[PDB]
Amino acid sequence: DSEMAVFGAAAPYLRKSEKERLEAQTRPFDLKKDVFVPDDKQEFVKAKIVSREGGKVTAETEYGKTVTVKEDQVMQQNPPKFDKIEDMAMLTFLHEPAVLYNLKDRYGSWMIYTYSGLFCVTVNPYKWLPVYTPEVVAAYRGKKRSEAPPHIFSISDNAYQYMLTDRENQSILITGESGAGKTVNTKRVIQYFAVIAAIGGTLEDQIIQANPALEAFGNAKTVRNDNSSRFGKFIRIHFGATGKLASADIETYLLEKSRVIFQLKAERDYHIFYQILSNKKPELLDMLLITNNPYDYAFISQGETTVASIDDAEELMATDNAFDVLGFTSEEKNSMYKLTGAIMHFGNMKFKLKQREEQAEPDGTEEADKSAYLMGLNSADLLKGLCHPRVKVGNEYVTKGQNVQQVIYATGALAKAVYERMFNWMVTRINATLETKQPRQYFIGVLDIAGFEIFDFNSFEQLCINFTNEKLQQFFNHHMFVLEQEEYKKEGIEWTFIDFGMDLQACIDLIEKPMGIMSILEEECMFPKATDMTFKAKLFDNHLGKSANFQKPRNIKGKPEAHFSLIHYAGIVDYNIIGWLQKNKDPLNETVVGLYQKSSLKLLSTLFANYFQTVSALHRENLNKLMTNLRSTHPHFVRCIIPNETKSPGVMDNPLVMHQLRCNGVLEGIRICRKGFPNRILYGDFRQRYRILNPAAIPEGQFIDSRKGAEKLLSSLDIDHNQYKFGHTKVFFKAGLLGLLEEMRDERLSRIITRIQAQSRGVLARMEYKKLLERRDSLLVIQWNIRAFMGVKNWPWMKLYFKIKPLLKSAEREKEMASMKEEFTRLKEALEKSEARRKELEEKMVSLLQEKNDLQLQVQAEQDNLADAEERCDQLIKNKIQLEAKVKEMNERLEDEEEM
Amino acid sequence: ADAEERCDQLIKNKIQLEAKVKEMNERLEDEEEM
Ligand SMILES: Nc1ncnc2c1ncn2[C@@H]1O[C@H](COP(=O)(O)OP(=O)(O)O)[C@@H](O)[C@H]1O
Ligand SMILES: CC(C)n1c(=O)cc(N[C@@H](C)c2ccccc2)[nH]c1=O
Ligand SMILES: [Mg+2]
Numbered sequence: 003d004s005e006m007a008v009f010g011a012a013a014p015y016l017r018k019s020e021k022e023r024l025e026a027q028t029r030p031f032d033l034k035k036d037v038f039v040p041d042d043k044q045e046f047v048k049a050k051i052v053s054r055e056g057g058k059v060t061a062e063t064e065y066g067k068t069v070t071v072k073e074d075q076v077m078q079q080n081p082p083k084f085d086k087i088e089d090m091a092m093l094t095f096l097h098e099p100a101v102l103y104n105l106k107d108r109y110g111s112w113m114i115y116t117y118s119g120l121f122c123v124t125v126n127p128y129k130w131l132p133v134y135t136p137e138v139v140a141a142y143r144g145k146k147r148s149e150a151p152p153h154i155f156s157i158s159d160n161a162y163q164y165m166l167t168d169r170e171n172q173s174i175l176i177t178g179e180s181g182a183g184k185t186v187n188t189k190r191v192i193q194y195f196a197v198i199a200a201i202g214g215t216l217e218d219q220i221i222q223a224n225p226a227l228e229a230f231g232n233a234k235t236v237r238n239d240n241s242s243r244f245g246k247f248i249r250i251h252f253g254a255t256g257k258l259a260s261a262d263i264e265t266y267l268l269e270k271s272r273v274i275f276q277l278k279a280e281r282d283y284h285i286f287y288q289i290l291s292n293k294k295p296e297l298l299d300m301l302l303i304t305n306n307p308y309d310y311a312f313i314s315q316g317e318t319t320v321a322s323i324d325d326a327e328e329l330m331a332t333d334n335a336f337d338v339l340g341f342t343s344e345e346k347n348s349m350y351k352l353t354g355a356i357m358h359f360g361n362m363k364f365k366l367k368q369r370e371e372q373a374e375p376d377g378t379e380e381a382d383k384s385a386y387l388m389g390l391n392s393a394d395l396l397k398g399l400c401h402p403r404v405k406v407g408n409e410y411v412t413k414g415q416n417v418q419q420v421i422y423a424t425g426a427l428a429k430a431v432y433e434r435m436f437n438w439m440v441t442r443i444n445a446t447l448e449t450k451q452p453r454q455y456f457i458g459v460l461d462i463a464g465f466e467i468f469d470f471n472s473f474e475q476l477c478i479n480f481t482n483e484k485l486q487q488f489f490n491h492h493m494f495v496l497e498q499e500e501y502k503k504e505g506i507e508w509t510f511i512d513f514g515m516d517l518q519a520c521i522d523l524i525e526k527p528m529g530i531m532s533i534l535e536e537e538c539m540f541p542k543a544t545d546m547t548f549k550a551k552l553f554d555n556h557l558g559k560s561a562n563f564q565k566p567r568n569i570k571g572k573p574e575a576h577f578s579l580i581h582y583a584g585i586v587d588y589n590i591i592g593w594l595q596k597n598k599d600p601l602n603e604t605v606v607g608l609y610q611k612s613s614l615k616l617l618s619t620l621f622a623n624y644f645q646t647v648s649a650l651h652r653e654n655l656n657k658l659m660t661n662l663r664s665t666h667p668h669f670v671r672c673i674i675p676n677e678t679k680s681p682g683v684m685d686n687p688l689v690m691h692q693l694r695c696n697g698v699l700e701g702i703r704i705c706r707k708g709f710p711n712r713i714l715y716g717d718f719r720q721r722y723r724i725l726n727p728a729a730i731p732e733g734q735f736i737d738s739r740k741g742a743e744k745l746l747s748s749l750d751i752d753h754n755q756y757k758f759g760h761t762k763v764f765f766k767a768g769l770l771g772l773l774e775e776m777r778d779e780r781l782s783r784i785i786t787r788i789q790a791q792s793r794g795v796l797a798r799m800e801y802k803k804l805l806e807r808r809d810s811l812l813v814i815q816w817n818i819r820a821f822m823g824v825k826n827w828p829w830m831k832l833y834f835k836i837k838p839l840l841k842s843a844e845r846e847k848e849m850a851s852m853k854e855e856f857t858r859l860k861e862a863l864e865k866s867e868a869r870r871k872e873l874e875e876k877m878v879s880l881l882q883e884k885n886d887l888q889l890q891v892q893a894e895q896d897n898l899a900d901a902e903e904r905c906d907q908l909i910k911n912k913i914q915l916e917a918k919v920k921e922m923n924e925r926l927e928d929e930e931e932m
Numbered sequence: 899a900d901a902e903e904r905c906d907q908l909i910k911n912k913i914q915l916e917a918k919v920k921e922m923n924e925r926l927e928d929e930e931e932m
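In order, the protein sequence lines correspond to chains A and B.
When you line the first sequence up against the deposited numbering, it's residues 3 to 202, 214 to 624, 644 to 932, in that order.
To convert a position in the second sequence, counted from 1, into the deposited numbering, add 898.
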C-alpha cells in the first residue's frame, strides 16, 4: 500500500505485497485438496491429495514424490489469504508445518520475523538484512502488534506501551540456541530504546557499546559460532515518569574464565588476545612486548587462531572505541591490556625440577621478569612466591615447595583469576558510568543469558551457560503457561486449565537444588583431599536413576575417561569432568595474590583488594537474584532460531528450525494465545479509559459501579458476547474482542481527540510562531542597535557618550534597583523551594532508613542461620569423610581376616 | 531454604551412614569372635 513506503527498502523483507496477496489468490488452491505431508530431509513439504483410502491418505508432493500418509500426519494448508501471515495466531488450521512454511516462505523472502501469538519467533539470516535500519525503528513507534508487521521492534514498542499504561516494570527475554542472534537482537532492542530517546545521547550510546566492549573480552569464535559470547548478561533499562530513557544496569553472571588458558582445535581464545596480537597499532604490540605471531604463546595459541570472517584489526579498533565511549580511562584500558598480555606471558615461564629436592626453579627467567614487569611485581619475589608459596600455620607462615606441574597449574589459576576479576571490574565500571543520575520509576529488563551449545568438548562454563539459559526457558514455561493460566482461575472465569506439558523444572532442580550438580561441585571443592575421579563417582551416584534428565553417556566417539551428558532444553550436551574442582574453588597462591595486592599497578591492587562462596555458588545466587528481579516485571519473550549449521545465509534447514520451535514451545504459545485471553485491564482503569465508547452508558457526575457499568457498556457494544468474560477486578477479552475494543477506542478517541489535537496544534503553532515573532522583534532591535552602535562610534561625539553615562546617576540607581529586585525575587523562590524539598525529603529519608534497618536486622537473622548451617554441614561432611575412610579400612580388614 | 535442606539431607545421609557403620562394626566384632 501507500503506507508501507515508510518501511523503505526493507518493505519487501517485512510484508508480503498486496500484489503478492492477489497473486496468491490467483494460485490454484483448494482447502479440500491442499495439505502438508512429512518427510525426512525436509520436516514437512507441500502436497496435494490424490485419493482418500478410508483411514489412509495418498498425496503427491511439489517435488513429485508420492507417499501414503495417515490423517494425524496430514493437516490442512491454510488458504492463500492466510499463507505467510504476519501473526501465526491468525492461522485457520493450527499445526507445526503451518508454522514451518509461514517461516520458510517469509525467510525464503528474507522476512525473518513472525509472531506466535503474543510474542516473536526469529529464524536467523546470516545475511545482514535491512530489517534493522534505524529508520525502520521509527516505523514501529506506537505501531501496535495488530497493525505492525512482525519484528523485534514491535516487542520493544509493546514493552514501552505496557510500561506507560500499567505503570509496572517490563522485560524482553531474548532466547534461543547459540548463533541465532541473541546478542545482535539485544543490540537491536537497545538500539530501539536508544534511537527512540534519540529523537526525543550519553546513556543512549553507552548502552549500545556496553555490548561489544564486554563481547571482545567475553566472546570467542567457537565451532558453533564465530562470535559466541561466553558470559550471561542481564540488563535493566530504566525509564523516568515522562517515558524518556533514564538509566541502565548491567549484571553479568559468569565469565568462561577457563578459556583464557585453553582452547580446543577449531576455537580461539578470547578475541581480545588475537586482536591485540594481530595489530595495526605496534605500540600495543610492544608495550606488552609480545610477538606479533600468535603461535609462540602456548596458552592462547593452541586450538585455532585465524578465522574466516573477522577483521581482528577492526575488532581491536571496535573494542578500543567501545572503551572510549564507555569512558574507561587510558590508564585503565592499558592496564587491562597489560593484564591480558601478562596472562599470555605467564604460560611462557619455564620451570625445572631440582636434581634432588623436587622443587621448581626458573630456567626461563626472561619470561618471568617479562610477566612481573607487566603485573608490577618483582621477578625474584614472584618466582619465590610461585615456587615457594606461603601458607599460615598458627600465627607464623610456613613455606612449601611446589612441583613443576603444580606451579604450572598455579600459574594457570593466577591467569584465570586475574582475567575473570578484570572482567567483573570492567562490568562494575560500566555500571559506574551508564548513570545520568535521574529519578527512576520503571525499567525494562532485556536478557541474553546464553546460547545453548554443543561442542565436541564441553567444560565447567559449558555447564554454566547451558544451565543459565535453561532457567530462562523454564521462565518462559512458567510465565506463559502457569502465571497466565492461574490468573484466569483466580479471577473466577469459566475457563478450563489445559496442561501443555512443557516443564523442565526437574532439570533446573537437577542443577540448582542442594543435591544438584553445581551443589555437588561446591560441597566437594572445600575438601583439600577431593579429586575429580571421586567427584565423578559421587556425581554419578546422586543423579543416575534419580533424575529424568540425567543418563549414562554412550561415548560412541570414544573418549570414555571421565564423561557425563546432560540433556539441556535444546538437546544433548556432553561434558568432560577433568579439572572442574580446581576451576570451582579457584585457589590462588596467597603469597602471590598478597604480592598482587601489593602491586605498583593500581588496577591490580584494586582487583585484589579485599581478596562457602564458590564460583558455582556466586553464579547461582546471581541467577536466583535474576529470576526474583524478573518476576517483578511484565515479560515478552523472543525466540531466536538458528536455521542451519553451515552459516549458509538464506538457506533454511527444516529439521534444525522445527526442532528449535519444539524445544522453545512456541506452538504451545500460539495455542494459549488463541485459546486464552491475551489482555485484561483493571475495571477502574478501563472504565475511565474507554467509557468514551458510549458516554451515555457511563454518565459523569452520576454514580456508576465499575463492574456493573462495564457489564452495561460491553452489552451495549453488541459484540459477540462469548468474546468477553468478567473477573473480580479485571475484565477479560479474547484476542478478537481485545483487538476490536482497542480499534474502537482508537477510532472514538481519534474522532474526539483529533479535534482536540487540532486545537493543540493550533496553540502549539500559534505560540511557537509568536515566539518566532518575538525573536524576530529582538533580532530587529538588535540590528537597529548595531546600526546605532556603528553610527555612534563613527560619530566623533562618542567620547562624551560612552565614558560619561557609566559615571552618571542611571548606572548608580537603575542598576541598583535591578539588583534589588533580582535578589529579592531569587530570595523568595530559593527559600520556598529549599524549605519544601527539605521538609518532604527528610521525612522520606528517615522512613526509608528505618525500613533499611529493619531489613538489615532480617539480613542479620539470615547470616546467623547460614553460619549455623555452615558449621553444621562442615562438621557433618568432615566426619563423613573420616568415618567413610574408617569403614573402607574396616571392610578390607574383615575381607583379609575371612581370607585367612 | 538451601541451608536447611542441606543440613536435613546431611542428617538423613548420616542416619543411613550410621546404619552402615553399625552393621560393619558388628560384623568386624563377629569376625573377631570367630
Ligand atoms: N538477524 C540477523 N541478521 C544478521 N546477522 C545475524 C542475525 N542473526 C545472527 N546473525 C549472525 O550470526 C552470528 C551470531 O549472532 P549473535 O547475535 O552473536 O548470536 P549468538 O550470541 O547466539 O552467537 C553473528 O555473526 C551474526 O552476525
Ligand atoms: C496481565 C497482563 C497479561 N496484561 C494485560 O492483560 C493487559 C495489559 N495492559 C492493558 C491495560 C493495555 C492494553 C493496550 C495498551 C496498553 C495497555 N497489561 C498486562 O500486563
Ligand atoms: Mg551471544
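Note that these hints are calculated values from the structure, not bench results.
Every residue, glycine too, gets a C-beta built ideally from N, C-alpha and C.
Worth double-checking, as some hints may not be accurate.
Claimed, not checked - In silico EDC-like pairs for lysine to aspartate or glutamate, Cα to Cα no more than 20 angstroms straight-line:
no., chain 1, residue 1, chain 2, residue 2
1, B, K912, A, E916
2, A, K920, B, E902
3, B, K912, A, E864
4, A, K526, B, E927
5, A, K920, B, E927
6, A, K657, B, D900
7, B, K918, A, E921
8, B, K918, A, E903
9, A, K918, B, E927
10, B, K910, A, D900
11, A, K918, B, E921
12, A, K920, B, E929
13, A, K559, B, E903
14, A, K34, A, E5
15, A, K551, B, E903
16, B, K918, A, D554
17, B, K910, A, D32
18, B, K920, A, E921
19, A, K912, B, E930
20, A, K918, B, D900
21, A, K918, B, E930
22, A, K551, B, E916
23, B, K912, A, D74
24, A, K920, B, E916
25, B, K912, A, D906
26, B, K910, A, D376
27, B, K918, A, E170
28, A, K910, B, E924
29, B, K910, A, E903
30, A, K912, B, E903
31, B, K920, A, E929
32, A, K920, B, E921
33, A, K912, B, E916
34, A, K559, B, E927
Said to hold, decoys possible - A partial selection of chain B residues facing chain A, derived with a Cβ cut-off under 7 angstroms:
no., residue
35, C905
36, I913
37, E924
As the list claims (entries may be wrong) - Restraint-style ranges between C-beta atoms, simulated for each label pair:
no., chain 1, residue 1, chain 2, residue 2, range
38, A, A917, B, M932, 23 to 31 angstroms
39, B, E931, A, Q564, 44 to 52 angstroms
40, B, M932, A, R904, 35 to 43 angstroms
Which numbered hints fail: Numbers 2, 3, 4, 8, 14, 17, 19, 20, 23, 26, 27, 28, 34, 36 and 37 - these are the hints that the structure violates, sorted from lowest upward.
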